[PDB]
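Following the hints, position chain A with the ligands against chain B.
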Amino acid sequence: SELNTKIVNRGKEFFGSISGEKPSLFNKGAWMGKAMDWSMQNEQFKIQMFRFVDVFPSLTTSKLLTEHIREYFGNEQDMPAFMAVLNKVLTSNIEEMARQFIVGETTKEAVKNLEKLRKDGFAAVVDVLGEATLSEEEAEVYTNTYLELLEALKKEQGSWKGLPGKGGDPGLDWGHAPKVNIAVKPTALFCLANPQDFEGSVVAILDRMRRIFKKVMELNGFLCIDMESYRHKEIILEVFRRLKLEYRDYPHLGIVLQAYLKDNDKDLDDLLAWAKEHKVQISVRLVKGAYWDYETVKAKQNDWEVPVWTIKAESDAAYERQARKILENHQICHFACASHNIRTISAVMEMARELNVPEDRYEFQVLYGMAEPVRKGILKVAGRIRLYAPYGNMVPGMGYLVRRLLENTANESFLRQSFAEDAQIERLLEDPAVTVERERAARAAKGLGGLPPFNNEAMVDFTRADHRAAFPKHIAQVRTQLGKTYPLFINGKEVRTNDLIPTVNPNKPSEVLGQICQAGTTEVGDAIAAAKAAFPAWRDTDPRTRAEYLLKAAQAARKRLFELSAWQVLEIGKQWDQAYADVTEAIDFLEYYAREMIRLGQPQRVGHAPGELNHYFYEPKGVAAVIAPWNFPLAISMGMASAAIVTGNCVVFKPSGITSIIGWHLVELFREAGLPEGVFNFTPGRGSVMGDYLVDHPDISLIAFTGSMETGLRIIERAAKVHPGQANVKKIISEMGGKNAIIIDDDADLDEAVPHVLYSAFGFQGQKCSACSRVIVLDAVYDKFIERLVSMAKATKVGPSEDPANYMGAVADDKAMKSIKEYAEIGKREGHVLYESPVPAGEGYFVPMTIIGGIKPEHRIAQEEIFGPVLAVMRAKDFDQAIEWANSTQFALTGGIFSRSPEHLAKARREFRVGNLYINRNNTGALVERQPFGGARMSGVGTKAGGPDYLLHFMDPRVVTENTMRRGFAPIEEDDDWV
Amino acid sequence: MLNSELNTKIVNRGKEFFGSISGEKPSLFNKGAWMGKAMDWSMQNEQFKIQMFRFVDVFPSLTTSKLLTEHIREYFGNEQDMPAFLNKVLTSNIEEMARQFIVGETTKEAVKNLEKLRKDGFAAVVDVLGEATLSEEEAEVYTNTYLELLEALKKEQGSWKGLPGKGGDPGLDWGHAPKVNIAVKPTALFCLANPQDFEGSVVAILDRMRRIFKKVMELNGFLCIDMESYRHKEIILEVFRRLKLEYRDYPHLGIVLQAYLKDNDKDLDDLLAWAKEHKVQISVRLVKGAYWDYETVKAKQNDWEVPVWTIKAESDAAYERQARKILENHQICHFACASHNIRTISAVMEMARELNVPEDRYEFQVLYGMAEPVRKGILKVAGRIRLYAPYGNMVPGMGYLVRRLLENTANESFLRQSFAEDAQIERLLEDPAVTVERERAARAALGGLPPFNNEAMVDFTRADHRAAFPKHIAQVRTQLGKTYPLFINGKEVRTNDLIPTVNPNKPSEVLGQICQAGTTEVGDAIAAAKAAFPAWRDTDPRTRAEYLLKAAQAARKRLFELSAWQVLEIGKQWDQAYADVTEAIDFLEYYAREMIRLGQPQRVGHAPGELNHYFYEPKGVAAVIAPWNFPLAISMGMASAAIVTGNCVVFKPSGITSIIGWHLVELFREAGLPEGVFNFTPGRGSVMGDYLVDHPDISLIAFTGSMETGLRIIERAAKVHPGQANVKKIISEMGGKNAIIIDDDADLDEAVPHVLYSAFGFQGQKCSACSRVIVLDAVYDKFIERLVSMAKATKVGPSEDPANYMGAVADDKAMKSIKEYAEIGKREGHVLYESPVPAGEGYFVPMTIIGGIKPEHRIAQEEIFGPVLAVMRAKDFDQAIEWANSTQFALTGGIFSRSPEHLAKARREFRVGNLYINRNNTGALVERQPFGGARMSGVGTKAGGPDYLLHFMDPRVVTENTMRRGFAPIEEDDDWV
Ligand SMILES: Cc1cc2nc3c(=O)[nH]c(=O)nc-3n(C[C@H](O)[C@H](O)[C@H](O)COP(=O)(O)OP(=O)(O)OC[C@H]3O[C@@H](n4cnc5c(N)ncnc54)[C@H](O)[C@@H]3O)c2cc1C
Ligand SMILES: O=C(O)[C@@H]1CCCO1
Ligand SMILES: O=C(O)[C@@H]1CCCO1
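Those sequence lines, one after another, are chains B and A. The first sequence lines up with residues 4 to 86, 102 to 463, 470 to 1003 when you count with PDB author numbering. The second sequence lines up with residues 1 to 85, 104 to 463, 472 to 1003 when you count with PDB author numbering.
To be clear, the hints were calculated from the coordinates, so they are not data collected in a lab. Among the hints, erroneous ones may be present.
Listed below are the simulated DSS-like cross-link pairs for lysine-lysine, each with C-alpha atoms no more than 30 Å apart in a straight line [to be verified]:
| hint | chain 1 | residue 1 | chain 2 | residue 2 |
| --- | --- | --- | --- | --- |
| 1 | B | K398 | B | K134 |
| 2 | A | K901 | B | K745 |
| 3 | B | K497 | B | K470 |
| 4 | B | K556 | A | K901 |
| 5 | A | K556 | B | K745 |
| 6 | B | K556 | A | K880 |
| 7 | B | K556 | A | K556 |
| 8 | B | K745 | A | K745 |
| 9 | A | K880 | B | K839 |
| 10 | A | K49 | B | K556 |
| 11 | B | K931 | A | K745 |
| 12 | A | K556 | B | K880 |
| 13 | A | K880 | B | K901 |
Partner residues are not named here, just some residues of chain A that face chain B (Cβ under 7 Å, in silico) [said to hold, decoys possible]:
| hint | residue |
| --- | --- |
| 14 | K251 |
| 15 | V753 |
| 16 | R954 |
Ideal Cβ positions, reconstructed from N, Cα and C, are used throughout, including at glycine.
Extracted from the complex, chain B is given alone in its bound form:
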């Protein structure tokens, strides 16, 4: 109460001394102020304006600029009044808004302007614009930019008089702070920063951070480590902890902690405890956090718990609480209050006074070019105020710029409420804990048939220590299970044959995982007869009961998630994330197709004529042959088999030879679920022995196939014949290849495009039907794009997938390795090799990560599916040729485009006619419901797994029509057209 009254009064004095002055961004007399004002009034404009700011620096020609302006804002008559002559004026206004937030474009300019800040009474923390670097070379340039900055400041600082204080050392700012203070972003220091390779990322970042830190120490300066997105939070904490311990006696090292994270109370507490345990001192810059929108979207997309508070006052309350904790611990922890919020600043000031904290233990910081009246008020009241002063160019600084625009204009922004909305001061200065209680209470004021709605199973989350630790443990566990013989499974019984084929670790072929029995035509004949005998009872089973078996199987897989994943790492060479996502997709199919059968399972009345009932409903076809691929050995198999099973068919299942153990997991899961015998039959076998036999058989009514075009087309041809005794015309559900292109338009965001294209091309060694095998790059952006793509590629390592440090590993088997390598030779003769990775020496089916330029549509590697880590780079003269080239193959599965032109995106949506088109992201990793997968042309037959049309393909519709009139009367039904 009493402290809170002091805080409120301090805040009132603050607003009083501000004298009504508005920060420049809220100055309606300025163009910037007008543009932000309209963005705040009109959400559609805000979206257009911020997106235009983002794309602006890549509008490097007059044509690009004129066209983009028209497409984002409309013609001159239809755009707002505050908005060729037009190109020049708008360019000037955007340029000036960007310069608003930086102290310079270069090191020498920054240094000049920093001395100007000192004369106005301001300290600085200098930052070089950049984040999320794309290569080792770029990380080196960023690093050397700091070294150059430090050399320059080293020369200058001796001539700088220390900013005024009340005591201490006259050569230091305010008597105590080092005059040179810099901030560094960890993700700018290493382009593959990923907690999936936790130690690898820590070391690579720490190594460059150390070089910078040594130079900082050399001039008695301060180094602060910025905090970035939640994905890197633990990595960054570890870098700080390690670096601190190597130089335990050096006081001027800081770390950012974000009060908007639910983790932060524990993290702050742990860090303080850690500092005590090691008897070192630390420094914390407490912020709220800059990535709120991003964290909420990212967690939502992956069914992760949202790592940030979601009521704005909760972050404010957390800040006051955590700042009090830091101030109390001022002996061990130096404090930088980083906030533009007058309530927050006032709370810190009164808490510090109440605890009599020495002034050398806390200072205040704000962002350069923002909240100008607040900055001046702090200078007047506290005296110790530091500006975060970045420098550099618009492209690497674009994230920063957009974050500032977002920060100032958000509905919940303290600055917007104060300086745009004329919000009441009492409300603004209210204790946010009160606000929290009131908001939470206001906020305290679906599925079908008892089932929760569909949601995709949450992705593995390597920000968690337990998830990181799970893989090595489960891989070892799997290693105790090697060397078994896997029999056929037919009508609930194991059937052994004497033709065994070993399955091996593609990254270590001498490691034999097991031996697989092969079915001959006799055993396949037996599986078909078993399925046919089980069919009548299974068909007569209630759809909701059939769905329940899928639900139980899903729960069985969920309880074995990491175990099932580890099997794939070893048997087929999946990377950890790839393995896990394979299993979660299996679970999704089970959960989704169960719900879909429940939805489609109730007969629907059709028509509304009285005296008549028509019910429309579906019947299964009979026995389904399911011929599964090796590249998604649990997901796609389970997808195809469970769809066929849930719709009332019985299945004869042929796993791919090299992933037959994963195929055995379907036996384990369906057994665990209690599935009646004969409904699922497991029959691996040699295609050359029983492949045609399975497909030609008269008792097969349906064939679900996922694999190569040559095989799919053969199956389609053979299946069309009706043999004697054959009950139905065979239904084909087929997913075949792709030759997938991603287009890189002139205006593409290259920082997004590059890592997305690399992942699309080389994720899982390129062994996906959706993989990017052609990247088609617009003439004017080509050299910039390919230099960055190649440079990022050179940073990646090729090696065993059980080691998370490797980006990709060996391909499926010896035949694939030989085939892919020959294609790379073919490609190297057609075009010109741009990159060819090292591979480890010794055993393993390794193919280099390979990038080839100069490719044209008439070349073999622009047409034929390689199914491996071979990327063709094609140079298009204009957007029209890029589309024509994207459409130049016989396939139409997936595709992508990086572009920020509304016109080019619309042209792409219309003409780039693949089954799944991706805009501004990778073209792989389709999720159930979100991205139903499949295409036409030579890529398939227009069936889409994971979508609402899929189960229909496994059934035939029936209608029963009843005349309900007997002797002149009929019951009246609710949906009848009557009188």
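Same frame as chain B, now just chain A with the ligands:
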């Protein structure tokens, strides 16, 4: 108001009526009897009413102890689940209830009881139970029963004193009425009574009615012609008018008019005017009407205007207004008031007084066994009461029995309100005209397009519809002799290869010559469709749909004309021709709405920072290979489906219906369809058949025809040739070998004409036609006797003559092949019926029924596609289902059964694409019965349903990452915070 004053008298008379009989209830409402209890719970519980009434209907066919016991449990549950109120007991109660409404089971017993009624002071009008006869012999039995009855009464009437009256002849009832009075039901006199053959029906009925009336006049009696369902109303009026004019001086001939008909105000005026014109007198029995539930349902099933009033008080108001009109005309029109309604009766009594009507001009009539206190009431006040006294067996009387039961228990029933509902007397006796206004005023309390409704079937109750066909057949004959060219890329292309098309019922009548496309022309059409495809694909789905709606309006305007062409070109009967055209219109209307439904991309998934849209794309060029049997409908269905989904079409019509194929050209042209979107290429299959199917630019084949051709196309289409963009999509409807199962408890009066239509409708030239009838052992001999007796009544001949049931088959080849099958069939089983055919030209095959057929027989397996019906004898219900499922087809099926267990088994196990319960297995309508099957009958595509258009397209997904530099637009359906 004068009207307020007269109403006061009516209400006061009603009140005294109610007071005198106060206490007394009709037998049916006596809750102390079994009759009363069953009715009581029926009135309380609508679910029980349906069970009981349906049970009464099935009861007489429960002829063994097993059938009886099982049905009892199936209709009413187990011994503990059913109400307190065995087989021998329940049999006796239901039998007692049926006897409540009859004066006897035999003529002798009837005559005895009628004499007993006279001595109680009641006149009678005697009826022989029965309606909707199934044969000429049954019609003769019925006619002779009246004759036998009349001969008996001729002998008895001499000894009868007239019922007491006020003056006149003591030998006449009340001094003036003839002692003998019978009523006859017209539809009991002719098994094929149908306004489609209006003249033939009138004459057939008139000839038997005359034979009866002559006997009636011979004893100076009265003949009343009952009125039946709306379908036969005009026929019945015309029979009455003709008979009346033949015996213009004989006064004892009456007709019933139904006040529940909207037509009745006009019908009554016309009849009164017709009588004045001809200077005859008439007699009208005015009733409300007995077929209300039926007329309402039937009208709605066919998109016809409901012929009855639908607010109950509107019928009461109609009755009082029409009664007044009759009484005003008492000098020319004798009046029988037939109602159990005290308000209605009281109104007629005061009106007869107000208008000073002589007593010999009106009498009162009620139904035997009903409304006993109202009956006694009338006898006491008016004295002139006549009971409608039917006699006969329960099976032909079942319609009458169920109508009585419905009558007494209905919600709006006056009897129910008065004697079970304890309703306020003031509300019961209020002027129905006031009730009408109250009820009407009480009822006052997808994107521009009307919802889908099927196009109204032709309605031969209308004189204009009856006149339309001869007019339009004649108009079509003035346009014969033309040469029809190909239609490619908007241009007519002639070739030198011509095939003539002729009238199958008269092959010397050539309708035209058709140009045949060679492979060069087919190639050109395919090239044209391919060239038009990009722009058509990019045309908005709503815009595409608009062409179909325009084409529908074009056809709707040409309905009778388009029908006429089919009558002459492929031997369609009038109804069959019209139905073919309305189905085409339905497809157009339905597929337009479907494309509009499917045409919008839909967001899928709910993750923020992401938009996934799911939508459809056309395939490219579609080959449409159409059949002759449904020449406009199925052609238009496949073609418009392909076109509305953004494909372009190369269309090959069947050779013998090439002119109907040209109609598609005309309709799409009138709609303004872009050139090349639809191309018309008749040609010889042996020249361009495989060429069309094999062509690398074809992406989809829609085929409807024989299994053999269908399976060939599926084989060839599976190959991917050089330059072929897609795996070809097959949409295919092939044949069936369809069975109807006649269960032990089947209603044979429904089943027989339904089976006959199913098998011989359009000469059996439907993929849905019944070619096997599977009859349960114990009912076999009875079913076949009735089936054959009805068949023998039908005539085979030219479809342009509506008197004929069926006519010539499609062409010479069809004729030859069907005849070979008939001979094979005759060797396998035993012929039960083989109709005559006209001598002279025409592709005539006899209506043929063959017995002793088993599943191993060729005609039990192979689709004949002609008028040849196999009858098979199943030993029990399980073998029946087994046999139904014994072919390689699964298109349609039927079952006539009233057993919940057996119907349940059939729904589950009789796995055809379209299963029909208790009706014919043909005539599938758009939306109501989406049509198609699997096995060898098809590939699981159902034309006319909500899954069909999907087959003509491929789905596409666009996914957009909407986040830039850490922010994204929040969308409405985003999962968020
Ligand atoms: C001697 C005799 C002979 C008859 N002959 C024939 C005949 O040849 N053909 C024939 O069709 N009928 C005939 N009827 C009439 C029929 O059999 C019923 O007896 C009669 O319709 C019942 O009318 P009501 O005045 O007795 O009873 P009410 O309860 O007054 O009237 C019931 C009648 O109202 C009508 N009705 C019920 N619901 C509605 C509604 N929602 N909207 C509009 N109207 C409704 C029906 O016609 C129904 O029968 C005859 C009746 C008698 C007494
Ligand atoms: O990059 C950002 O947006 C914040 C502000 C300063 C550093 O971290
Ligand atoms: O058959 C019937 O239901 C009516 C009643 C009397 C005759 O016609």
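If you test the structure against every hint from before, which numbers come out violated? 2, 3, 7, 9, 10, 11, 13 and 14
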